[PDB]
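Q: Residues per chain are reported as follows:
4 protein chains.
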Amino acid sequence: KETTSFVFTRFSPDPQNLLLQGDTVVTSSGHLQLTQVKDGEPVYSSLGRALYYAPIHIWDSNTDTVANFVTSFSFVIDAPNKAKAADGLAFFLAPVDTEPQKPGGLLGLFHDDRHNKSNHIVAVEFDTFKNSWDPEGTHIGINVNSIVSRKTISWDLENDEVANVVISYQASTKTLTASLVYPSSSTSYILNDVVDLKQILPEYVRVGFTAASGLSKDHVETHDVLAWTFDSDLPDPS
Amino acid sequence: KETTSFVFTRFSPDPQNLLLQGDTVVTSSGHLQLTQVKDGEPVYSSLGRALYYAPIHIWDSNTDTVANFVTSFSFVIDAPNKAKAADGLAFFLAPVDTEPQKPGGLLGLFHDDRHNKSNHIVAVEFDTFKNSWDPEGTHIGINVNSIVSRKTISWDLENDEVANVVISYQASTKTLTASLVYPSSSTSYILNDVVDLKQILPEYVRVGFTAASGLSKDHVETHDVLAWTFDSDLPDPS
Amino acid sequence: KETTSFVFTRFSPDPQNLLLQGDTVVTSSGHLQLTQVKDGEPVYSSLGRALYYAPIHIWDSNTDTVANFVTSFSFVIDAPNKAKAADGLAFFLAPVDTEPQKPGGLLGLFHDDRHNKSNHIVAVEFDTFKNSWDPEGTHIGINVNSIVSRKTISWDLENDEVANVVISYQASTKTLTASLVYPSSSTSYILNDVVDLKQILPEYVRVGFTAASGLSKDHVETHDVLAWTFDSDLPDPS
Amino acid sequence: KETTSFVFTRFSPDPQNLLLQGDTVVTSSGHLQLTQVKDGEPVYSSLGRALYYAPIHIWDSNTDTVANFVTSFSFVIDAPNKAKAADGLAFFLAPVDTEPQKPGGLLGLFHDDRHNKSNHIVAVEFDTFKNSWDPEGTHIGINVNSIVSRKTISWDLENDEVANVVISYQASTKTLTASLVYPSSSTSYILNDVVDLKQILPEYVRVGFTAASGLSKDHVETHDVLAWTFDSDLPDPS
Ligand SMILES: *[C@@H]1O[C@H](CO)[C@@H](O[C@@H]2O[C@H](CO)[C@@H](O[C@@H]3O[C@H](CO[C@H]4O[C@H](CO)[C@@H](O)[C@H](O)[C@@H]4O)[C@@H](O)[C@H](O[C@H]4O[C@H](CO)[C@@H](O)[C@H](O)[C@@H]4O)[C@@H]3O[C@@H]3OC[C@@H](O)[C@H](O)[C@H]3O)[C@H](O)[C@H]2NC(C)=O)[C@H](O[C@@H]2O[C@@H](C)[C@@H](O)[C@@H](O)[C@@H]2O)[C@H]1NC(C)=O
Ligand SMILES: *[C@@H]1O[C@H](CO)[C@@H](O[C@@H]2O[C@H](CO)[C@@H](O[C@@H]3O[C@H](CO[C@H]4O[C@H](CO)[C@@H](O)[C@H](O)[C@@H]4O)[C@@H](O)[C@H](O)[C@@H]3O)[C@H](O)[C@H]2NC(C)=O)[C@H](O[C@@H]2O[C@@H](C)[C@@H](O)[C@@H](O)[C@@H]2O)[C@H]1NC(C)=O
Ligand SMILES: CC(=O)N[C@H]1[C@H](Oc2ccc([N+](=O)[O-])cc2)O[C@H](CO)[C@@H](O[C@@H]2O[C@H](CO)[C@H](O)[C@H](O)[C@H]2NC(C)=O)[C@@H]1O
Ligand SMILES: CC(=O)N[C@H]1[C@H](Oc2ccc([N+](=O)[O-])cc2)O[C@H](CO)[C@@H](O[C@@H]2O[C@H](CO)[C@H](O)[C@H](O)[C@H]2NC(C)=O)[C@@H]1O
Ligand SMILES: CC(=O)N[C@H]1[C@H](Oc2ccc([N+](=O)[O-])cc2)O[C@H](CO)[C@@H](O[C@@H]2O[C@H](CO)[C@H](O)[C@H](O)[C@H]2NC(C)=O)[C@@H]1O
Ligand SMILES: CC(=O)N[C@H]1[C@H](Oc2ccc([N+](=O)[O-])cc2)O[C@H](CO)[C@@H](O[C@@H]2O[C@H](CO)[C@H](O)[C@H](O)[C@H]2NC(C)=O)[C@@H]1O
Ligand SMILES: *[C@@H]1O[C@H](CO)[C@@H](O)[C@H](O[C@@H]2O[C@@H](C)[C@@H](O)[C@@H](O)[C@@H]2O)[C@H]1NC(C)=O
Ligand SMILES: *[C@@H]1O[C@H](CO)[C@@H](O)[C@H](O[C@@H]2O[C@@H](C)[C@@H](O)[C@@H](O)[C@@H]2O)[C@H]1NC(C)=O
Ligand SMILES: [Ca+2]
Ligand SMILES: [Ca+2]
Ligand SMILES: [Ca+2]
Ligand SMILES: [Ca+2]
Ligand SMILES: [Mn+2]
Ligand SMILES: [Mn+2]
Ligand SMILES: [Mn+2]
Ligand SMILES: [Mn+2]
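Sequence lines, in order, name chains D, C, B and A. Just so you know, we're using PDB author numbering here: the first sequence kicks off at 31 and counts up by one. Just so you know, we're using PDB author numbering here: the second sequence kicks off at 31 and counts up by one. Just so you know, we're using PDB author numbering here: the third sequence kicks off at 31 and counts up by one. Just so you know, we're using PDB author numbering here: the fourth sequence kicks off at 31 and counts up by one.
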């Protein structure tokens, strides 16, 4: 049996147990600021990611076991103009050596908008801009090896409000669940889908966040993570 | 700081750390069988509850602190005829000395269908029968001192399928959240509302389940809880 | 699988999740005051106990499994005259219906100084007075169904200093371990012994503290518990 | 507030969340084999280490806070001839970029046998061979920036038996405690000392194990770690 856990109720400057990639910085208020802010305004064409330093043991081929996990986090998206919000934020699992990919609507996750099994990516996206591949309206999506979500639900961005997210994986039913609550307005969202982690991901992954602002100067927003917990449990074989 | 936790991934016969009330028994398959089954068929007019034996310290007037909590459980409702399903199951918090009340549509929670602040009850109901006070259709409800829910959402009973529920309370925003997932069909539900526990409940409560079958012979269903976890955390003051 | 946990970093007045027996009260400073204090002085012939309200599932005859557990606590003994310290404090496991027994050197645990398997008691004692059955000197003892310890080590009371205790049980080796540290003086103690819980205790027990002051007016001390954690884990069968 | 935890009840081959250094391999039985074995016999002059991949946040200069931690592990030392056992095993904390140093009696920890504050090492050693700097007999030691222990206790190696170790740090008293129990013989050992982590270590460290076999062919033993848990808690400022 193997377990991994961590909790951040806020972030310290120079967090050496996180891999910060692209534009990510830690604010003096203790937030993970994924996309650039200059003079209190979000900067366009910005991309930042943050991963937990330790690989997570997500499944084991020898024992044929798959881990359960649960992660919770709080985030804020602040768009100067809500109608022009772009592009969004995702929580994701990827190979240990994962590096930022294309900015904008590809969210730093993918090199292009096609499906490719060598991506080895599972993500939950909070998507604020309708790309050509997207459903109508802002939405939450479960993504497997593609920016084109396997399943989506409508989600109304509550501009500059704290969103509380829980994402969990139940290995026995191969079910990934994602929920988002805005306590400020008592609004909540949930979706779930079958995602076979053993078939999609390598045995060890890194986990974390990615976010991207829009590729034009009037389509911008901030993407801050305020707090993050993670727990994974790889059981003994039956 | 005070915390309480417990986990049951299944139930043992004669569980001395649960207070079983009314008809509740533990099955040899390890389920908490809240309402009676006879010859593999649910019995009408049955009511059973199960509470964790220890009082939970939910808030403290001296330090003016309120606990966070989270509970998860799995349950199954099996109705021979889904249209005639009655009456449902609830998770609840109540005074330490709480005893079963009226059966049927009052779910063992309330003496009548009126609102009364001396009840000191907060519940999340999974309501399978439309009483005169209910919305149209089966629904999940957040209940505060009344069988007449403060907030409801439509919920389609997936007959004899395992439902995974999470209910959490965030003290800082006074927000109660309840979610239900059916992994078998990838269907999910969530709602949340403001519930001020400090104003509704005494400082110590008992927590648990209640369920009731219908008060007529053709309006019956089973109500089994398969697993239950609970975690509460009453923080130090500021 | 079944687990039970709780944490008290201090105690609240009227703790409804503890069974207080004999003279025990909670002080306004948040301590569990097991033996009486009157006008800032310990009272002789006083006996108090405190148990967690919920029964703990320590083993299961159906699945033939035995729990691991670990408890930690901090305590203080303050004797006006250290040479006349009596009688001591114990952590213990006992049947759910356990009641205080004889005061003084029997520590509220036993009716007499003999061995009897119907006691169903396992205790770790911090023994400040040499009775006829005791080794020379103040000592820590592991007790099984008798005040006459199965195993003892010398322990020097550090008068009015905080002692940090950890007691753990490893089911697979039937080993009970107890350690005590005085951080103030960098002094530490440890002992362990084979104790077969399945053979000694019923399937469910209550756990807690007992303490007794001396049976003469010049042989007195206080016995305060400052903090307490407990975790038990009854595994699935192999 | 920041916490980090992990559990291994056994080890998988190619553990990508551990940094294996020197000779360390994972056995097919799931043990961390720190020093080499060839044809079932320990090889002399072997040195291996294993660190958790993620840096641990042990103190924070911004908030002026220091973490508590607790680690537990099980290990086995098997010497063909107990009188010729060498050299031993240690648990340690060191800079993130730590690399194996000198073999033999320096345990892979130090470049020489002198005290040097630039080492930035805190270790607990299980020392099986009397070097020129050592006390008489096999011993457990607390080491700060030197192979010459700050404090030692006698410890009798129980050849090829499982040792259960707990090492904990209490930031409020700056106290490091280490205990070892052999359940097989009911033998136990403990020591503790004041160690100011903020003054000795950098803000982030890596944690893990090191072990070395003797530098002559007749002074050899195996050093296997069977299981390992770690929990650290860096609190909010007070
Ligand atoms: C170590 O402690 C152990 C636990 O205390 C001791 O075992 C107890 O010993 C008790 C006697 O001291 C014994 O109590 C008696 O039980 C009789 C049988 O009870 C059951 O069976 C009946 C049907 O067959 C049924 O009617 C009963 O209701 C019970 O279910 C019972 O008849 C006795 O009651 C009569 O006799 C007494 C004495 O004259 C009267 O006072 C009483 O009113 C009645 O006329 C008696 O019962 C007890 O009476 C007093 C009351 O306060 C008690 O609550 C009530 O129980 C008890 O059953 C056992 N317990 C167990 C678990 O075995 C043990 O003593 C030794 O071992 C026991 C088993 C026994 O063999 C003793 O003779 C031994 O001394 C202690 N061991 C040692 C080595 O000292
Ligand atoms: C506390 O620990 C520190 C860190 O380890 C010690 O500092 C190191 O000491 C070692 C000595 O064992 C030094 O390594 C030797 O360095 C020489 C010189 O190399 C350089 O120059 C030559 C030619 O001049 C070039 O050929 C090289 O390419 C290189 O540029 C080398 O030839 C030897 O083979 C060793 O590798 C090491 O440099 C040094 N590091 C630092 C950061 O100072 C420190 O002890 C130090 O060294 C000793 C000998 C004394 O001089 C102390 O005053 C130094 O502090 C140690 N403190 C104590 C008291 O032991
Ligand atoms: C100004 C403008 O309209 N630029 C548009 C751009 O074409 C130009 C034109 C001139 C220059 N130039 O070097 O000045 C640079 C780029 O074509 C892009 C599509 O390929 C538009 O990118 C989209 O921007 C959106 C916000 O407007 C979202 O970020 C959306 O996700 C993103 N689409 C994707 C697939 O990433 C981008 O907005
Ligand atoms: C056959 C029949 O009419 N049965 C009906 C029953 O009637 C009688 C007849 C005589 C006596 N008496 O005091 O002797 C008492 C009751 O009165 C019950 C209400 O008071 C009906 O209960 C309702 O039954 C429904 C399923 O049919 C649901 O369970 C519903 O929740 C429940 N309503 C409530 C408020 O609990 C029940 O259907
Ligand atoms: C003043 C005095 O000496 N009182 C003594 C008291 O008195 C008597 C005197 C004669 C007879 N009798 O059989 O006729 C009966 C009782 O007998 C008590 C039982 O032996 C002494 O109790 C002991 O007191 C000690 C502190 O001084 C410790 O608390 C010690 O653990 C305690 N012993 C026990 C077993 O609890 C108690 O000290
Ligand atoms: C047979 C014998 O005496 N072998 C000894 C060896 O001897 C020689 C003699 C001449 C030359 N030379 O440079 O020609 C080289 C080696 O010198 C080693 C360094 O002092 C001895 O190392 C010690 O070995 C012990 C077990 O035998 C322990 O492992 C002990 O910790 C270890 N010492 C240290 C500091 O690591 C090693 O035992
Ligand atoms: C699928 O994704 C991976 C990385 O996520 C790419 O490396 C693959 O590109 C193909 O393989 C690489 C190594 C290189 O040879 C390239 O020329 C190939 O196209 C990518 N595959 C495709 C078809 O897009
Ligand atoms: C509100 O709830 C309390 C708690 O359950 C009830 O006891 C109240 O009923 C009234 O007071 C009780 C004690 C009893 O005297 C009864 O006859 C009264 O009706 C109830 N209050 C209401 C319905 O107004
Ligand atoms: Ca998009
Ligand atoms: Ca109803
Ligand atoms: Ca005594
Ligand atoms: Ca040595
Ligand atoms: Mn999308
Ligand atoms: Mn309803
Ligand atoms: Mn004693
Ligand atoms: Mn040594």
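Note that these hints are calculated values from the structure, not bench results. Even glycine gets a Cβ: it sits at the ideal position worked out from N, Cα and C. Check the hints yourself; a few may be wrong.
[As the list claims (entries may be wrong)] In the EDC-like style, the derived pairs of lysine to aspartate or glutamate whose C-alpha atoms are separated by at most 20 Å in a straight line are: (1) B:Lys204 x A:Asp266; (2) A:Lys31 x D:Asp261; (3) A:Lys228 x A:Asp266.
[As the list claims (entries may be wrong)] If we take Cβ atoms under 10 Å as the criterion, some of the chain B residues that face chain A in the derived model are: (4) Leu49; (5) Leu50; (6) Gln66; (7) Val67; (8) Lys68; (9) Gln131; (10) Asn194; (11) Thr205; (12) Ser209; (13) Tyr212; (14) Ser216; (15) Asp223; (16) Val224; (17) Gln229; (18) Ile230.
Q: Taking the least C-beta to C-beta distance, is B:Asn194 closer than 10 Å to chain A?
A: At about 8 Å, which falls below the 10 Å cut-off, the nearest Cβ of chain A leaves the hint on B:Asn194 intact, so it holds.
Q: Using Cβ atoms only, decide whether B:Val67 comes closer than 10 Å to chain A, and label the hint accordingly.
A: With a minimum Cβ separation of about 26 Å from chain A (threshold 10 Å), the hint on B:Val67 is violated.
Q: Taking 10 Å as the limit, does the beta-carbon of B:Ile230 come near enough to a beta-carbon in chain A?
A: For B:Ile230, the interface hint is violated, since the closest Cβ of chain A sits about 16 Å away, which is over 10 Å.
Q: A closest beta-carbon separation below 10 Å is what the hint needs, so does B:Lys68 meet it against chain A?
A: 32 Å, violated
Q: Hint check: is the beta carbon of B:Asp223 less than 10 Å from a beta carbon of chain A?
A: 5 Å, holds
Q: Holds or violated: B:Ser209 as interface residue toward chain A, Cβ cutoff 10 Å?
A: 6 Å, holds
Q: For the pair supplied as a hint, A:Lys228 and A:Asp266, is the alpha-carbon distance within the 20 Å limit?
A: Roughly 16 Å separates the two Cα atoms, so the pair holds.
Q: With a cut-off of 10 Å, does the beta carbon of B:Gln131 approach a beta carbon of chain A closely enough for the hint to hold?
A: 28 Å, violated
Q: Hint check: is the beta carbon of B:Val224 less than 10 Å from a beta carbon of chain A?
A: Nearest chain A Cβ about 6 Å off; hint holds.
Q: Taken at face value, is the distance from the CA of A:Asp266 to the CA of B:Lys204 at most 20 Å?
A: Status violated; Cα separation ~39 Å.
Q: Close enough to count: is the Cβ of B:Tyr212 nearer than 10 Å to one in chain A?
A: With Cβ-Cβ at 9 Å, under 10 Å, it holds.
Q: Are the Cα positions of A:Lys31 and D:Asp261 separated by 20 Å at most?
A: 16 Å, holds
Hint compliance for this structure: hints 1, 4, 5, 6, 7, 8, 9, 17 and 18 are broken, all remaining hints hold.
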